[PDB]
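So this first bit is one chain, no partners, the form deposited in one PDB entry, shown in structure tokens.
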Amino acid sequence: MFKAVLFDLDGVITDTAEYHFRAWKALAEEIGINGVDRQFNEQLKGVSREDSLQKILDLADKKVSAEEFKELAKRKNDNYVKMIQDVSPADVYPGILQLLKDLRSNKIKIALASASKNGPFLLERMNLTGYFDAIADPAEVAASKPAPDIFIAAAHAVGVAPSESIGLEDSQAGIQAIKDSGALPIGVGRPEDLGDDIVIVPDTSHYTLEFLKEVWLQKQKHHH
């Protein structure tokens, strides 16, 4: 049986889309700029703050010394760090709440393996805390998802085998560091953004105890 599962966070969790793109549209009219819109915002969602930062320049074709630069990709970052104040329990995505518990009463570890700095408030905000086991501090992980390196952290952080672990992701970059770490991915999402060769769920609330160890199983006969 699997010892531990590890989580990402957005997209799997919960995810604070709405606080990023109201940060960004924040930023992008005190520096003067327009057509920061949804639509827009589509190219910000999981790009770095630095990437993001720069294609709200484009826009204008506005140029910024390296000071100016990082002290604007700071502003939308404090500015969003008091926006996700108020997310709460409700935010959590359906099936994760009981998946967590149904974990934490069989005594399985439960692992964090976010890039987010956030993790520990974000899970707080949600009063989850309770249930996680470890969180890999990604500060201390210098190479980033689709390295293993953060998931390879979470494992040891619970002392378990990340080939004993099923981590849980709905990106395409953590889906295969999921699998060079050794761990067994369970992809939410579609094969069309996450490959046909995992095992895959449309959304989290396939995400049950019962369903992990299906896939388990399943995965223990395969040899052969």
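Residue numbers count along the first chain shown, from 1. First, how it differs from the form deposited in another entry.
- Under a division of the chain into two rigid parts between these two forms, the C-alpha atoms of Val5 and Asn106 are best fitted by the same superposition and thus share a part.
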Given for the second form:
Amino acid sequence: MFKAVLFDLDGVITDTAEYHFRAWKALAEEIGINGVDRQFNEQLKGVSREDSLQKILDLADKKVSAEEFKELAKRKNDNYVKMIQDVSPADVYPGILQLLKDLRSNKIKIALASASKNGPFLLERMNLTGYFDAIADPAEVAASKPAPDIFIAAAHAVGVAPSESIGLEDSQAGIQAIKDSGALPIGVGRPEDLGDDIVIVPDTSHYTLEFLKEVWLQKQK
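What's the form deposited in another entry like, now that we've got the form deposited in one PDB entry?
Only one chain is given; partner chains and other molecules are left out.
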């Protein structure tokens, strides 16, 4: 009986979490911060551009100037934007296109709840824009992931209560944002990274409408 699905983008719809990681690691190393490895990057997944940069700068003893802070965020974004120019429909993760088609057939709303300002560009790259009933603008919320605001806004944008929605996420921060919104999270990734307390699937082929119904029917929510 859920009425909406609230999609993260990066690491859910396609493998762009890998590109954010590579770009943040390159930035960090340029400023002599070598701690952005895959384990540290689990604290960056789902986190805004500025919050990501500050989590990396927290690894250093000294502060950068406000001018350098702004430059660094822009530097990373310009690199990332170059990395994603060749993304195509062939890069949609397994299961995702068919899930979008099945949700529309079943009159279940589809909304994007990505913290990325590059979200709309990436949905166009992948020929997915037409499936979305709404895209929650991440610059409109007052509080970014792990705050629930973006999931609350995604649900509102398609006229469904968060409590009647499922959220799909690959990150610690986004799973917390889903929990605090009222929606039911189903994570994608390693249990070791995302927790043993919610439903986690190992890859996105598991994100079928059949499975979302299976999970919803057992407590949920």
